[PDB]
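**Q** This is what each chain is made of:
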Amino acid sequence: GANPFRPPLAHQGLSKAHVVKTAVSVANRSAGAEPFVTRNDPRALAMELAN
Amino acid sequence: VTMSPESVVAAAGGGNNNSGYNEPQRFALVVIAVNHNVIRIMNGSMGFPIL
Numbered sequence: 258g259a260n261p262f263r264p265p266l267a268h269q270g271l272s273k274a275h276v277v278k279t280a281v282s283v284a285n286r287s288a289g290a291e292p293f294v295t296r297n298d299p300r301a302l303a304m305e306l307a308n
Numbered sequence: 413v414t415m416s417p418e419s420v421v422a423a424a425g426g427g428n429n430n431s432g433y434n435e436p437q438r439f440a441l442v443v444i445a446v447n448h449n450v451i452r453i454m455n456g457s458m459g460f461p462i463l
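Chains as they are written, first to last, in full-length UniProt numbering: chain A, 258 to 308; chain B, 413 to 463.
If you're looking for bench data, these hints aren't it; they were derived computationally from the structure.
Please note that a few of the clues may not be correct.
Across the chosen pairs, the derived CB separations fall in these ranges [as the list claims (entries may be wrong)]:
1) A:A307 / B:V421: 49 to 57 Å
2) A:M304 / B:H448: 17 to 25 Å
3) B:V443 / A:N297: 40 to 48 Å
Just a sample of chain B residues kept apart from chain A, beta carbon distances all over 10 Å, derived [said to hold, decoys possible]:
4) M415
5) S419
6) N430
7) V443
8) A445
Even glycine gets a Cβ: it sits at the ideal position worked out from N, Cα and C.
In isolation and in its complexed conformation, chain B is listed as follows:
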């Protein structure tokens, strides 16, 4: 991932009043994935045969 000049200039504080970046800004990256899975119901119990 390549970030933006707006982000790199907002990271530094010193902005005027009601500018939002009056304080230095810290960022964190989050990644989520969605996957399939198989569930087997037998004998009154459940589990993942493939895992």
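Excised from the complex, chain A in its bound form:
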């Protein structure tokens, strides 16, 4: 039948076109930035009383 079983030729494989289960998309949540409420107390200022 021209159908031998010996050849280990396992082809190339199979292309996974899609996945059975879709991947949900979560909302991106960043974090602190340059003015991320930090303590530095350089000046402490001086508020003169007007009256």
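Model the placement of chain B on the given structure of chain A, informed by the hints.
**A** Showing chain B alone in chain A's frame:
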């Protein structure tokens, strides 16, 4: 303020049992006032401009 005869007779003790004024009663007057004020927020500091 003008006080009451009940107060002036409760100040003296000598009351019978379970009368409350078995001992002489001392009183104190307290006065509280509620007022408005102005707060200014600027340059990362706060204070009372009017004071």
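**Q** Now, for every hint given, state plainly whether the structure supports it.
**A** Verification of the supplied hints:
Taken as a hint, the range 49 to 57 Å holds for the pair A307 of chain A and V421 of chain B, whose Cβ atoms sit roughly 54 Å apart. Separation of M304 of chain A from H448 of chain B is about 20 Å and conforms to the stated range, judged on CB atoms against 17 to 25 Å. Separation of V443 of chain B from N297 of chain A is about 44 Å and conforms to the stated range, judged on CB atoms against 40 to 48 Å. Consistency note on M415 of chain B: stated as away from chain A, and its beta-carbon is indeed over 10 Å from all of that chain's, at 41 Å minimum.
Listed as a non-interface residue, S419 of chain B keeps its Cβ farther than 10 Å from every Cβ of chain A; the least gap is roughly 44 Å. The claim that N430 of chain B is not at the interface with chain A holds, since no C-beta of that chain comes within 10 Å of its own (minimum 58 Å). Against the 10 Å criterion, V443 of chain B stays outside the reach of chain A, whose nearest CB is about 26 Å from its own CB. Listed as outside the interface, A445 of chain B is consistent with that label: its C-beta sits roughly 21 Å from the nearest C-beta of chain A, beyond the 10 Å cut-off.
The structure agrees with every numbered hint stated previously.
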